[PDB]
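The chain contents come next:
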Amino acid sequence: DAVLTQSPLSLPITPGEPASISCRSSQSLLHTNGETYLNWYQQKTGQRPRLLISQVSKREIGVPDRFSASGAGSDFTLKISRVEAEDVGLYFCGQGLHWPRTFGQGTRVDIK
Amino acid sequence: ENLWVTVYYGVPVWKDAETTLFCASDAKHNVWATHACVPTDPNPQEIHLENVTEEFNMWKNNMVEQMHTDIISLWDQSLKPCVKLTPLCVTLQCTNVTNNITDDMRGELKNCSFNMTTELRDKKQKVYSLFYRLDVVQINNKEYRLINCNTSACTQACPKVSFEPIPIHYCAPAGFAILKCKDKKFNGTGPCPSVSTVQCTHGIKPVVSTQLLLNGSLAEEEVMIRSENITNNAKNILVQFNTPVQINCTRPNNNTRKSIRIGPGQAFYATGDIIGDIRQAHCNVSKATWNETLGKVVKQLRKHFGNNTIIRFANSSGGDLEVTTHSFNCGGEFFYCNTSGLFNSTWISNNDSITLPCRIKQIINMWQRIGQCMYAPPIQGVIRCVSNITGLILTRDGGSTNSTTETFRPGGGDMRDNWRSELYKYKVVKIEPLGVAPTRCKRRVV
Amino acid sequence: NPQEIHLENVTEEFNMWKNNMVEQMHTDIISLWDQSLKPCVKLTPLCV
Amino acid sequence: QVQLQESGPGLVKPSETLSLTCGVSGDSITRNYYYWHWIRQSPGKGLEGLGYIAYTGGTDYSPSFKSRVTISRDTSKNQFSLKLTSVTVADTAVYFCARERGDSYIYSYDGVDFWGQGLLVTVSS
Amino acid sequence: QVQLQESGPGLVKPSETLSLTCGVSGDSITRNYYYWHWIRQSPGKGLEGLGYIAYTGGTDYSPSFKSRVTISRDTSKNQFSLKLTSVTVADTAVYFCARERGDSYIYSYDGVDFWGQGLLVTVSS
Amino acid sequence: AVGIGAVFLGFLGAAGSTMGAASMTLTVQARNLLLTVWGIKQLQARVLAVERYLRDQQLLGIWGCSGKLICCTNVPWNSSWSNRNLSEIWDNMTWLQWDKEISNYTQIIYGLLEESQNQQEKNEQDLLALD
Amino acid sequence: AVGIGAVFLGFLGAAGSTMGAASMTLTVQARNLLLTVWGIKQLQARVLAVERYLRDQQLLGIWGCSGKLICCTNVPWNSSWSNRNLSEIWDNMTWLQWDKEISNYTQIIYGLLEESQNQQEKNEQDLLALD
Amino acid sequence: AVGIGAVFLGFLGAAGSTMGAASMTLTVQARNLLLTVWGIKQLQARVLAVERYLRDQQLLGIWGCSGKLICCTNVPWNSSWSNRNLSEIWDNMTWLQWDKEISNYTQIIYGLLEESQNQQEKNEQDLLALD
Ligand SMILES: *[C@@H]1O[C@H](CO)[C@@H](O[C@@H]2O[C@H](CO)[C@@H](O[C@@H]3O[C@H](CO[C@H]4O[C@H](CO)[C@@H](O)[C@H](O)[C@@H]4O)[C@@H](O)[C@H](O[C@H]4O[C@H](CO)[C@@H](O)[C@H](O)[C@@H]4O)[C@@H]3O)[C@H](O)[C@H]2NC(C)=O)[C@H](O)[C@H]1NC(C)=O
Ligand SMILES: *[C@@H]1O[C@H](CO)[C@@H](O[C@@H]2O[C@H](CO)[C@@H](O[C@@H]3O[C@H](CO)[C@@H](O)[C@H](O)[C@@H]3O)[C@H](O)[C@H]2NC(C)=O)[C@H](O)[C@H]1NC(C)=O
Ligand SMILES: *[C@@H]1O[C@H](CO)[C@@H](O[C@@H]2O[C@H](CO)[C@@H](O[C@@H]3O[C@H](CO)[C@@H](O)[C@H](O)[C@@H]3O)[C@H](O)[C@H]2NC(C)=O)[C@H](O)[C@H]1NC(C)=O
Ligand SMILES: *[C@@H]1O[C@H](CO)[C@@H](O[C@@H]2O[C@H](CO)[C@@H](O[C@@H]3O[C@H](CO)[C@@H](O)[C@H](O)[C@@H]3O)[C@H](O)[C@H]2NC(C)=O)[C@H](O)[C@H]1NC(C)=O
Ligand SMILES: *[C@@H]1O[C@H](CO)[C@@H](O[C@@H]2O[C@H](CO)[C@@H](O[C@@H]3O[C@H](CO)[C@@H](O)[C@H](O)[C@@H]3O)[C@H](O)[C@H]2NC(C)=O)[C@H](O)[C@H]1NC(C)=O
Ligand SMILES: *[C@@H]1O[C@H](CO)[C@@H](O[C@@H]2O[C@H](CO)[C@@H](O[C@@H]3O[C@H](CO)[C@@H](O)[C@H](O)[C@@H]3O)[C@H](O)[C@H]2NC(C)=O)[C@H](O)[C@H]1NC(C)=O
Ligand SMILES: *[C@@H]1O[C@H](CO)[C@@H](O[C@@H]2O[C@H](CO)[C@@H](O[C@@H]3O[C@H](CO)[C@@H](O)[C@H](O)[C@@H]3O)[C@H](O)[C@H]2NC(C)=O)[C@H](O)[C@H]1NC(C)=O
Ligand SMILES: *[C@@H]1O[C@H](CO)[C@@H](O[C@@H]2O[C@H](CO)[C@@H](O)[C@H](O)[C@H]2NC(C)=O)[C@H](O)[C@H]1NC(C)=O
Ligand SMILES: *[C@@H]1O[C@H](CO)[C@@H](O[C@@H]2O[C@H](CO)[C@@H](O)[C@H](O)[C@H]2NC(C)=O)[C@H](O)[C@H]1NC(C)=O
Ligand SMILES: *[C@@H]1O[C@H](CO)[C@@H](O)[C@H](O)[C@H]1NC(C)=O
Ligand SMILES: *[C@@H]1O[C@H](CO)[C@@H](O)[C@H](O)[C@H]1NC(C)=O
Ligand SMILES: *[C@@H]1O[C@H](CO)[C@@H](O)[C@H](O)[C@H]1NC(C)=O
Ligand SMILES: *[C@@H]1O[C@H](CO)[C@@H](O)[C@H](O)[C@H]1NC(C)=O
Ligand SMILES: *[C@@H]1O[C@H](CO)[C@@H](O)[C@H](O)[C@H]1NC(C)=O
Ligand SMILES: *[C@@H]1O[C@H](CO)[C@@H](O)[C@H](O)[C@H]1NC(C)=O
Ligand SMILES: *[C@@H]1O[C@H](CO)[C@@H](O)[C@H](O)[C@H]1NC(C)=O
Ligand SMILES: *[C@@H]1O[C@H](CO)[C@@H](O)[C@H](O)[C@H]1NC(C)=O
Ligand SMILES: *[C@@H]1O[C@H](CO)[C@@H](O)[C@H](O)[C@H]1NC(C)=O
Ligand SMILES: *[C@@H]1O[C@H](CO)[C@@H](O)[C@H](O)[C@H]1NC(C)=O
Ligand SMILES: *[C@@H]1O[C@H](CO)[C@@H](O)[C@H](O)[C@H]1NC(C)=O
Ligand SMILES: *[C@@H]1O[C@H](CO)[C@@H](O)[C@H](O)[C@H]1NC(C)=O
Ligand SMILES: *[C@@H]1O[C@H](CO)[C@@H](O)[C@H](O)[C@H]1NC(C)=O
Ligand SMILES: *[C@@H]1O[C@H](CO)[C@@H](O)[C@H](O)[C@H]1NC(C)=O
Ligand SMILES: *[C@@H]1O[C@H](CO)[C@@H](O)[C@H](O)[C@H]1NC(C)=O
Ligand SMILES: *[C@@H]1O[C@H](CO)[C@@H](O)[C@H](O)[C@H]1NC(C)=O
Ligand SMILES: *[C@@H]1O[C@H](CO)[C@@H](O)[C@H](O)[C@H]1NC(C)=O
Ligand SMILES: *[C@@H]1O[C@H](CO)[C@@H](O)[C@H](O)[C@H]1NC(C)=O
Ligand SMILES: *[C@@H]1O[C@H](CO)[C@@H](O)[C@H](O)[C@H]1NC(C)=O
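Listed in order, the protein sequences are those of chains K, F, D, I, H, C, A and B. Here the first sequence stands for residues 1 to 27, 27A to 27E, 28 to 107, numbered as in the deposited numbering. Here the second sequence stands for residues 32 to 59, 66 to 141, 150 to 185, 188 to 309, 312 to 321, 321A, 322 to 398, 411 to 506, numbered as in the deposited numbering. First residue of the third sequence? That's 80 in the deposited numbering, and the numbers climb one at a time after it. Here the fourth sequence stands for residues 1 to 35, 35A to 35B, 36 to 82, 82A to 82C, 83 to 100, 100A to 100G, 101 to 113, numbered as in the deposited numbering. Here the fifth sequence stands for residues 1 to 35, 35A to 35B, 36 to 82, 82A to 82C, 83 to 100, 100A to 100G, 101 to 113, numbered as in the deposited numbering. Here the sixth sequence stands for residues 512 to 545, 568 to 664, numbered as in the deposited numbering. Here the seventh sequence stands for residues 512 to 545, 568 to 664, numbered as in the deposited numbering. Here the eighth sequence stands for residues 512 to 545, 568 to 664, numbered as in the deposited numbering.
So here's chain K without its partners, still in its complex pose:
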């Protein structure tokens, strides 16, 4: 099983300063065909989760430009160029290559 581990576990940030999250993978996510299969998700308090970035750096429709990501191999990171007061909730990093699918434990974001 590809156990995804995020860091830091918590991240108190206020509007006006940047933020970043790192996600490590036990097994390499580089498929035999030469394509990565890592995705980022957002889940608000008591709401269904939503996808933000797909295929490491391809932004999803309706997602603002404030979010960004980059990485390869086993080291990947999620960097938010601008954060607002409505960006509360959990953030997950999931792989779509090794079965069963797995997601990180969840990094909490709140006001400092």
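Rather than coming from a laboratory, the hints here were simulated on the basis of the structure. Check each hint, because a few of them may be wrong.
Beta-carbon label-pair distances, calculated as ranges [unchecked claim]:
id, chain 1, residue 1, chain 2, residue 2, range
1, F, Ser388, A, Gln575, 58 to 64 Å
2, H, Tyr59, B, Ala532, 24 to 30 Å
3, C, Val570, D, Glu102, 22 to 28 Å
4, A, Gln575, B, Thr627, 36 to 42 Å
5, C, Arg617, K, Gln27, 42 to 48 Å
Listed next, the in silico SDA-like pairs over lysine to any residue satisfying Cα-Cα at most 25 Å (straight line) [as the list claims (entries may be wrong)]:
id, chain 1, residue 1, chain 2, residue 2
6, F, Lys229, K, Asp70
7, B, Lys574, A, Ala578
8, I, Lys43, K, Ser26
9, A, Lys574, D, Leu116
Yeah, the Cβ is synthetic: ideal placement off N, Cα and C, and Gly gets one too.
Chains F, D, I, H, C, A and B with the ligands: place on chain K using the hints.
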């Protein structure tokens, strides 16, 4: 059954062909231009090809010859803006150096003085310089001349450009591709049961060596032997290690650089007065590591001639200094070490560092090109160098019915052998996307 | 007779100090100037 | 757009079979290159996949639930259901029926596009 | 597969006319870019081309036989025949009916593909 | 995401697959076909690639497949060229082996296709002239 | 002569005109797409222009519109890409604005077009196989 | 083998033959279209050959013939250009003489074809848009 021919475009078919590759690097001045190279991909794509096998072959791929020609072209291009040393061929009056000289360095360095031109063409200036025994010959306080005054005028390398061997990536152009063999136990030739397509090769270090391969790509699980024909002793033997052995080389002399303005906008970086003590250059390698490495090589090599036979290692028979000694460049000085202290032992079935002296030489003509040459300027300060050994270019000695004591000797004056140890996994192919096959369709009628 | 066509109902964001035309022109002038001095004689034996 | 909704009992006793039915609207359940998963999530432990059903009708389940989960489909009503046998207290979590993007021959698409409301299954004795 | 088969009398007296018929099976005589020749072989003299009939219906005869050879076609039953007048004792030889390759407007093709079984004709009395 | 359904593979990844399965990935191969001495070297490689692509496009243009990857023709397949089952070629062979076997008869097939298309063009034009 | 009727305009002279009116001038823009150092520069420019034209023609070739400036496709338009009425686009917008608005979704539409053509190609071949 | 039927001839072998007979060899002419200073000269020659072929293909593409050696257009002939008989041209005149005669009126026909193609394209799009 009724059949009709059908043509398909874009089928996965390929054939062997020859093409002109192009360099690629990060572009992060040195002897290698790196300006004509297009920017490299941040992360090259690698596609593994399953259920297919390719007939890989060494000693015939045009990649090694193409790389050799490109290296020569870059080397020649990097010497054009530099100044030529044509008015330096004059009579040199030299005297042996004896200021705190040692027995192992006595008679090697000479303090020479000679007339030389200045900025103004209507005047001359008297200057002095230090030259090694290998860069001067006698005439028949004694007169001497440079070794190249009867061959060609050398051009000194520009001090701004260094000899750093940065990696270079070779990428196939549109319509072509390069296949790499992923087999761990791959042999020099034969079919490869694990092929993979890649757009650009890994970082290849264009290191210049003649006897011991260094700063190269090491093996992954065990030592391997490479040779076109093992029985035919005329062909060189290539061996790649799986673990490295560090070599600590240095130039203890604390020399100084001096600038002599020989003309308008031109200058000569002469060897200034040496301060402090003087010692001979040397390299150090661990005895236990070398012993274990040689043992592994003997074990891996005994399966080609038998278990009962015994093999021995001996130093070079003879020839030019470029082939009888291990040469390399650490920073800005070219060494020539006496490897006789390493290839001297006998192996039979079933305090902690080796020291070997090295000589410095300035008048160096790279490759096998005797028509032109280059002058290496003296580097100011103490030179220190450390590197990993990766391979040895062994050569066999004619043997009789004795069928024992197979004597092995190093060699490999050519430079293609060095790059062959790095390009043995890749081969260039040409793709043919036009195919033909039968189908049951007859096409409509209009 | 160079052709000039007017474009109605449109505006473009012009910006100097960033267009590559000036750098290209400068490079071309340097190249032509250097090429024009190739057959001329060197004045090296005059430094007396 | 595509809407996914769950349906099933809000509370299940221990050891009987637990049935969850997810209705899909706005798109055909038999899409050419797309997959449908059933993912659950408990407090603090995070998300975990149970199994999935492909467009071809085949199914694949996680190694820790092969002898307990079972997924079926019904194209006539445009829905799919999951059957879980021998439920325990540890299975208490909110279940979601989501949709993901499967790699096609021409291109590769990854990610879970949409998710469901989430039926909170409570196990108590 | 295309096959040819000859037919005609076996013994022919001197001074009258000779008649042979070669059948064609597996291919149409009306082929767009092909020819049909008549060749005979005798000991010592070698091979000789009596004549041929093109797909257009036209006929061309050799200079040494133009006054005596005559070729005609019958597309209804897919066969063609040859008539030779003023037979002599020197005409005793084995006759072959063969197909050839015409030069198309796009490409040129040369070569006799198929031959007959070689019916032996004996001219004696 | 990978699964039990369809797979994507890579550039020339379907080489080991059968002809039937490799025929579904014909777009990926077709869409990837496009110091002064160095400048000459790079321009030579670029012009070579352009010429090769235009050569293949010209060959397709002469036939009735100027703009499609899969197209049918009217000339039948003579058994002598292969005398092999249809099902065994598509489901029990790869493009590399098939290309190796049919390499001795590619010129004949190309000439036949070209001539057939030319004749078909003349026939269609003659028929269209009536209207 | 110029009058109340049509207008000739010039190359890239209908940029300010609406999409509906500028769609009739596609041919004028399409037909105009075609000392050793100076030779290298001019050759590089010519090769780049040819490569650009070839890439555009290759993209059109992959789709089922290899030989026509105006064509039709079977994949509809998802409202999420533009969510605006049809009349307000052809009669109240220009190509520069429409291009800037769809610039972020062009790659997805390109992939959809290629996949649709591949599927139609295999469906058509399978259907014609009955003959 | 040569005979009383068809003839092969060679490249530009039907230059002295009539147009009707020379129209059968359109494929042979179409299939044959495809030290630093010398490298520049060779690359210039190859690039020029490619531009000429691309220009011809572009001209064919603008018209209603994507790719084929013979195609028909929907515009009537004007006697003002030639006024010569139909059979007298094909059966009694070569291609060189006819080209010399129509040389002064090629640009007009080239413009008329483009006009007709644009009108036909827009009409076809409007007709197909009533579904
Ligand atoms: C095989 O691979 C090994 C790597 O393990 C190479 O070893 C390197 O050799 C180069 C010389 O070619 C060394 O680079 C030089 O180092 C000098 C001292 O380095 C110390 O100081 C620097 C800080 O400046 C530290 O980062 C470093 O760790 C040392 O503590 C510098 O003084 C040199 O700079 C001068 O020369 C350069 C051009 O060469 C000029 O541009 C500068 O301005 C300056 O004048 C230079 O940087 C390098 O340190 C070696 N690496 C190691 C780990 O020792 C072998 O050279 C290579 N090849 C062979 C044949 O063995
Ligand atoms: C490399 O070759 C192997 C065969 O040695 C390929 O594996 C084969 O993949 C096909 C895919 O269609 C399998 O067919 C399927 O079999 C199952 C079970 O019978 C059936 O339910 C499906 O409908 C389909 O018919 C085949 O069984 C399988 N064979 C083996 C031995 O695994 C493999 O795909 C090839 N890989 C590449 C990259 O070419
Ligand atoms: C397609 O054509 C090529 C070349 O025309 C054929 O390759 C040739 O195949 C023959 C075998 O039929 C090889 O002959 C060799 O003969 C020696 C001596 O008898 C024998 O020891 C070898 O094992 C081999 O059979 C020949 O070397 C080979 N190559 C050439 C250049 O002639 C190929 O067979 C043809 N394929 C088909 C399907 O027709
Ligand atoms: C540049 O912009 C001007 C201003 O928008 C354009 O003039 C306008 O063009 C439109 C479109 O043809 C005209 O609308 C139509 O007018 C006719 C009567 O002439 C009417 O029957 C139609 O129902 C429709 O309303 C508009 O009247 C005209 N004038 C103004 C003052 O708006 C001009 O065409 C543009 N030129 C280019 C090259 O983009
Ligand atoms: C297509 O993508 C581009 C780039 O991703 C989008 O351009 C960016 O649009 C945002 C607005 O969504 C711009 O943000 C600006 O921020 C300032 C400061 O908060 C604010 O005052 C502005 O009103 C605006 O919101 C951003 O500058 C702009 N450019 C870049 C380089 O990011 C574009 O909007 C996307 N188009 C569509 C239709 O999605
Ligand atoms: C060079 O000029 C001569 C003279 O015109 C050409 O010979 C002519 O070839 C044509 C065939 O395309 C002959 O037409 C046909 O002749 C047969 C005769 O039986 C007739 O049955 C047909 O109805 C048709 O008229 C034409 O007669 C013939 N002229 C002669 C022999 O005087 C020759 O082909 C030209 N060569 C080239 C390379 O242009
Ligand atoms: C197509 O247009 C060209 C011109 O672009 C025409 O060529 C010209 O033809 C005339 C004859 O019709 C030449 O006139 C000359 O006049 C002198 C004096 O009377 C006479 O001695 C000559 O024998 C000749 O007739 C003229 O030089 C020639 N060239 C030019 C540049 O005007 C051509 O005739 C036109 N073809 C058709 C079919 O309309
Ligand atoms: C190399 O030779 C030069 C020239 O003979 C030496 O330079 C002289 O050294 C003496 C002794 O120290 C001084 O008195 C002179 O002033 C120096 N200059 C000249 C121009 O004569 C130099 O010392 C010698 N170096 C070595 C290492 O022997
Ligand atoms: C440098 O040039 C000077 C001047 O020509 C040389 O000095 C002369 O040397 C010759 C031969 O040794 C003597 O006969 C002259 O008397 C010298 N003249 C003077 C003014 O000293 C000198 O030998 C040349 N070489 C060196 C190394 O200095
Ligand atoms: C000077 O050195 C050379 C070798 O470099 C030696 O042969 C010679 O004997 C030495 N002369 C003196 C006087 O030391
Ligand atoms: C140049 O001089 C050296 C030393 O005397 C000699 O070995 C070499 O042969 C000479 N070269 C030529 C071309 O005479
Ligand atoms: C590599 O394979 C060939 C052919 O099987 C063999 O002759 C050769 O000895 C092999 N190489 C080594 C080093 O054994
Ligand atoms: C190798 O060399 C020997 C002669 O030493 C020769 O007989 C043999 O054919 C050569 N090639 C191989 C593959 O052994
Ligand atoms: C090599 O070993 C010798 C042993 O005496 C020592 O003196 C010398 O300093 C060593 N050199 C290096 C570079 O380690
Ligand atoms: C070499 O000489 C320089 C002279 O400035 C001195 O600074 C440096 O310490 C010396 N190095 C050694 C190793 O003696
Ligand atoms: C070489 O020098 C390095 C200095 O870091 C030292 O760690 C290493 O042990 C030395 N190796 C030998 C063989 O002297
Ligand atoms: C290698 O080490 C062993 C220690 O067991 C020693 O007996 C042997 O002589 C060594 N080999 C050499 C070449 O010194
Ligand atoms: C040599 O010895 C090794 C190890 O005992 C063995 O694997 C190999 O087969 C032997 N080779 C021969 C030719 O006896
Ligand atoms: C090294 O090789 C040379 C070649 O001439 C020889 O003279 C010398 O004796 C060798 N060294 C040893 C230690 O045998
Ligand atoms: C290398 O060292 C050995 C040790 O005796 C010596 O005999 C040989 O001459 C040396 N090599 C050179 C080129 O001096
Ligand atoms: C070579 O090895 C022998 C082995 O006994 C040793 O006696 C001798 O000193 C060695 N010579 C050198 C130069 O290492
Ligand atoms: C030498 O080997 C060590 C250990 O494998 C490695 O860390 C180091 O980077 C290597 N140095 C070079 C220059 O390759
Ligand atoms: C996007 O288009 C596809 C194909 O028509 C359709 O099935 C899907 O529902 C559309 N999605 C949205 C959000 O409109
Ligand atoms: C065999 O080839 C001939 C061409 O001479 C062709 O007419 C025929 O149709 C082919 N046979 C079959 C069964 O297609
Ligand atoms: C395919 O070939 C085999 C011979 O290996 C034959 O037995 C079989 O009948 C063939 N299939 C068909 C459909 O004729
Ligand atoms: C245009 O779209 C807007 C919003 O979708 C709508 O309110 C308006 O009625 C539409 N206009 C027409 C003419 O359909
Ligand atoms: C000549 O051109 C005119 C253009 O309107 C056309 O109507 C006419 O039909 C053409 N010639 C004939 C009589 O076909
Ligand atoms: C063709 O032109 C000739 C020559 O003037 C004329 O007699 C004849 O009537 C014209 N028309 C036809 C149909 O032959």
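Consistency of the hints with the structure:
For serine 388 of chain F and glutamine 575 of chain A, the Cβ-Cβ distance of about 60 Å falls inside the hinted range of 58 to 64 Å, so the restraint holds. Between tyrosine 59 of chain H and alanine 532 of chain B the Cβ separation comes to about 26 Å, which falls inside the hinted range of 24 to 30 Å. Roughly 25 Å separates the CB atoms of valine 570 of chain C and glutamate 102 of chain D, a value that falls within the hinted 22 to 28 Å. For the pair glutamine 575 of chain A and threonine 627 of chain B, the beta carbons lie near 39 Å from each other, so the given range of 36 to 42 Å is met.
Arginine 617 of chain C and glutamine 27 of chain K have their C-beta atoms about 43 Å apart, which keeps the hinted 42 to 48 Å range intact. For the hint linking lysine 229 of chain F to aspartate 70 of chain K, the alpha-carbon distance of about 24 Å falls within 25 Å, and the restraint holds. The straight-line distance between the Cα atoms of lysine 574 of chain B and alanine 578 of chain A is roughly 16 Å, inside the 25 Å bound, and the hint therefore holds. Pair hint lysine 43 of chain I plus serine 26 of chain K holds up; C-alpha atoms about 18 Å apart against a cutoff of 25 Å.
For the hint pairing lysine 574 of chain A with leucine 116 of chain D, the CA-to-CA distance comes to about 21 Å; that is within 25 Å, so the pair holds.
The structure is consistent with each of the numbered hints, conforming to all of them.
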